[PDB]
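Student: Now for the letters of each chain:
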Amino acid sequence: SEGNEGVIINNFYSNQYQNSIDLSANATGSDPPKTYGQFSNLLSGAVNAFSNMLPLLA
Amino acid sequence: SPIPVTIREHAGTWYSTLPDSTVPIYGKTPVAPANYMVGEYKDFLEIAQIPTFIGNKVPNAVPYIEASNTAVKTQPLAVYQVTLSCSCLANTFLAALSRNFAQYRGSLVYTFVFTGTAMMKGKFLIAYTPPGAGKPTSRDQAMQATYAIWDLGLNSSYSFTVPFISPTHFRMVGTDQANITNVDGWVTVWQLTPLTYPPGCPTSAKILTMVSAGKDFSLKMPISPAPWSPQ
Amino acid sequence: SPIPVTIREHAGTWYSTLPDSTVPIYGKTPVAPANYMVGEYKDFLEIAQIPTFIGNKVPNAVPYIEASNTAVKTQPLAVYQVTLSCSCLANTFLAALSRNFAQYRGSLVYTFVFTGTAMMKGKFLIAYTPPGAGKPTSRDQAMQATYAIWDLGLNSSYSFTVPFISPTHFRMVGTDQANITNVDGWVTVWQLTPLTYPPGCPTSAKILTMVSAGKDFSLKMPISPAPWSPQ
Amino acid sequence: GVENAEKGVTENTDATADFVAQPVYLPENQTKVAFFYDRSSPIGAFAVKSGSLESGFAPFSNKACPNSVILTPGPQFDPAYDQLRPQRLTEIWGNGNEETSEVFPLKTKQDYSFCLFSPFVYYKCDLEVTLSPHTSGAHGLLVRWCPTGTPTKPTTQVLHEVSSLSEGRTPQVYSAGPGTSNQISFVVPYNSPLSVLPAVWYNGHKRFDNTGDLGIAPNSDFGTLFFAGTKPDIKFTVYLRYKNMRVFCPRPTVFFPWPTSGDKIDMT
Amino acid sequence: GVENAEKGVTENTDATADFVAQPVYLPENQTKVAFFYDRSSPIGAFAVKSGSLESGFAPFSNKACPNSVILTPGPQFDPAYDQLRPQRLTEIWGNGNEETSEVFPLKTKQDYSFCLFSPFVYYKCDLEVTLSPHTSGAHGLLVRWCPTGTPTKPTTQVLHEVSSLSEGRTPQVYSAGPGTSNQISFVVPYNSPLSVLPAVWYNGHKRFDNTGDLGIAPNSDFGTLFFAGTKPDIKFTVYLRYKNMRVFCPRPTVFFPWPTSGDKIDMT
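Protein chains in written order, with the entry's author numbering: chain 4, 13 to 70; chain 3, 1 to 231; chain 3', 1 to 231; chain 1, 1 to 268; chain 1', 1 to 268. A prime marks a further copy of an entry chain.
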């Protein structure tokens, strides 16, 4: 059930603050999101296709 | 635009049991998943129903009573006062649970497990006597109140329920002082017929005694018993 | 019409981490546009993934280990305890980040960059040993746990991930005292085959060692480490 | 009703099974576990050391009224090192330690009520803490709360003239003014790395070395509290309140002494 | 996984790449930058001069507990001119200045925690300030806040018998009564003319003359605070809280000393 609290008013602090956050873990693991934000260093020119090419060795 | 307030006289008090919450200082903290967990209960009533052992022969307590090969109508095998304070119940979960509340209501269940030989035979008279005229002094007087006859045979135990008979809707859990000739009556156990046996068999047997709450049983108003030390 | 209030016992306290704001004294202040700005991040996890250098041979730390022309199964090239407290990790961003939190979870990534000659050849056995039976003492014992064989060739580095193997969902970041024979196990690096080379080439090479968080890695509950002075 | 208790389970009845009766049920909600522990109870008296408000913290106790406290309902202290940081114990220490001594009042710090009645093996909850100064005059109190398993040696003063408790980004609370109500209240989250906490005993060691000492599971508390303040002569009581309590696996409670007296008890 | 770190970028994995495993992700939000700095930490202890409430202000310090403070997490003070208006510094001064001296507690004023951990080159934020008197008795405090780059010499008393701090239309805050909680709180906006602020170092001079002194970029703070009050004997702590923090360009943090001891650390 619930405890000993019987106030009519909506809790002034939201729940994620008033209480701990119950989480549940699934047995088989979970995939991290793909990206944690948009910060990134980028590697360009990695590959090919296009230059002063095919004078270039085989 | 600042809002006007009237400060109540009780400004600044702290109430140990306030129906409200306080200031959170470390929000957004996720917990460690505990979802694999089992065995949880949510109401004490959920487990108050499990029988635990009544202590006989206090303070040299044993979890049983002994039936003999003689039926003296004048001699009870046991006499329990129906009080959640009986020194008899002092260590049952019922009593340990109950001591944290002010009042109770409902059925009490006394369970007897016969532990003698399969070859033994016998009959017991278990009675509940409401208060008013004192405790019964012979099986003949007990037999005048609520009672059951327990016959020994294939089935090992007997569950006796003492009916809640009371003027008030609830009864106080604990005693202030000691409760006289009062309390709420008595559970007395008597032999109707003696334990009988064949040659080659012991002439007395132990009967395990336990107590539990009935489906009826209720408790209300949480408090704290007088503090004690187990030693 | 003034509203009646009940003052709580905690009246007047200041909470360093209160989930709330205070009084603004200089409103309607427009800022200097900073919209040309680049390089912003929003979560530490965003950069905890970038490998930084592990210190070898403390306190005469060097960012690398040395492979030789001999494979002694009895001699690890390195042994790291898997603790975000290892003096080994003390100056990695992972460790510097982690020291501001109470617990972590997830994958740790040990990256090795071979820096020897192109003419050299060799194979390493990198193993992760969970706790319980102590640290392995020979490549033969390490080989009994989680491990990978790293072959030298065109591709310069090797990224070894130590799997999060733990009874609890999370692990404590820092050590209180020192953690024994405990901690969470060990990463040991061994030679499988010796570094081989042709005539005219050095007979040992440096292997750069770095550490980072895996995509799995998480940290929780911000605190402050014990204060220190870099000098 | 005839029954067979050997099965390990016994059918529950009311007076209705064997006699001519009626069930007598009436609803109540005070027996729910959450409701029962959702009230404050004290764990002991504490003290602040002189001029702690402006210097390095150091373990110390006034009359076995220390300086810091571990947030846990279980026993802790050990009056023999009243001047050392407190620790969790596996037994409660009486008031005296020799025959002629007394059990109450206890010397260690614990939630005696919780100890006396906790019929469960494991539990999970949030902790509401109340600090109550034993004075109705001004009182200044600085508190530092450290999550379980984090640094608990708030010993180095880093800022000239500032308590070492008052350092960092670790939660610190401070009440001190002529118009306060002197008391402090707040609720802390659940920070053990453990999924659920041992309520009475934990049958295992601290290291895999099995340097044998069973009883307590590591990091199974709610953290440590450090105090600094201005009335080094006033003691304050610390109270715990279990917010949204959950318990698992019923188990036995503390033994109650046989009345080598009557056929009933009472009070005290 | 085979890789090539020379590219300057390394593919991230989980145990899943090389072995038979599963990812073990679980969400949390305490690692966001804004959340991390959105908590108060102290920068030092300050003092008020006698009878400043009714006279001309003048720089002064009590025990290297000055009179005014620059709102910045970086070092400032310079204990050698404890009687001069404080200034931002490019180094932190130990407690003593000779061998036999001590590093803690530091003499300069700074957010040591911010200093110890700020892995970014630039940042922007609003500043929440808390003034906490080290006393639980009445305390009167007058504060003058001047935006960065504005007049900071609140030296001329213009009104007979009124503090010179208490002059003009510049924000002034004052708490002083028998029923206050003694502490003061408020948040100031971001007033640097700069778009974003250097968090650690700024590689440039103050004038185009290149009268060479690199380190700090001009007007890169949140302003100056001046204090006047009634308890010239009570010191107060000043705390900073970064409201809606934004950081740009990761960079290295402060060096941590090699344990010329174990293979792990601890606390303190």
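Accuracy of the hints is not assured; some may be wrong.
[Unchecked claim] Heads up, simulated PhoX-like pairs for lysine-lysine below, C-alpha to C-alpha not over 25 Å straight-line: (1) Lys215 (chain 3) with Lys7 (chain 1); (2) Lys32 (chain 1') with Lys46 (chain 4); (3) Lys46 (chain 4) with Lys28 (chain 3); (4) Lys7 (chain 1') with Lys28 (chain 3'); (5) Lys7 (chain 1) with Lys123 (chain 3); (6) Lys46 (chain 4) with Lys7 (chain 1').
[As the list claims (entries may be wrong)] Not close to chain 3: a few residues of chain 1', all C-beta gaps over 10 Å, as computed: (7) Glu28; (8) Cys65; (9) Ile70; (10) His160; (11) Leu194; (12) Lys206; (13) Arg207.
By construction, these hints were calculated from the structure, which means they are not laboratory data. We treat Cβ as the ideally placed atom computed from N, Cα and C, and that holds for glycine.
Student: Examine each Cβ of chain 3, and state whether all of them lie more than 10 Å from the Cβ of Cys65 (chain 1').
Tutor: holds, 28 Å
Student: Are the Cα positions of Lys215 (chain 3) and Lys7 (chain 1) separated by 25 Å at most?
Tutor: The hint holds at about 20 Å.
Student: Is the Cα-Cα distance between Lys32 (chain 1') and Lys46 (chain 4) 25 Å or less?
Tutor: Holds, because 17 Å separates the two Cα atoms, which is no more than 25 Å.
Student: When you check the alpha-carbon spacing of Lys46 (chain 4) and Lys28 (chain 3), does it fall within 25 Å?
Tutor: It holds: about 23 Å lies between the C-alpha atoms, which stays within 25 Å.
Student: Could you let me know if the closest chain 3 CB is still more than 10 Å away from the CB of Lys206 (chain 1')?
Tutor: holds, 42 Å
Student: Mind checking the alpha carbons of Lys7 (chain 1) and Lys123 (chain 3) for me, to see if they're no more than 25 Å apart?
Tutor: Measuring from Cα to Cα gives roughly 23 Å; hence the hint holds.
Student: Holds or violated: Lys7 (chain 1') and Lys28 (chain 3'), Cα atoms, limit 25 Å.
Tutor: violated, 47 Å
Student: Far enough from chain 3: is every CB of that chain over 10 Å from the CB of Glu28 (chain 1')?
Tutor: Violated, since 5 Å does not exceed 10 Å.
Student: If we take the beta carbon of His160 (chain 1'), is the closest beta carbon in chain 3 still more than 10 Å away?
Tutor: holds, 32 Å
Student: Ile70 (chain 1'): least C-beta distance to chain 3 exceeds 10 Å?
Tutor: Since the minimum Cβ distance to chain 3 is about 29 Å, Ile70 (chain 1') lies beyond 10 Å and the statement holds.
Student: According to the definition I'm using, a residue is off the interface if its beta carbon is farther than 10 Å from all beta carbons of the partner; does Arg207 (chain 1') meet that for chain 3?
Tutor: holds, 46 Å
Student: Please confirm whether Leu194 (chain 1') is truly not at the interface, meaning its C-beta sits more than 10 Å away from all C-beta atoms of chain 3.
Tutor: holds, 32 Å
Taken one by one, the earlier hints fail for this structure at numbers 4 and 7, listed in ascending order.
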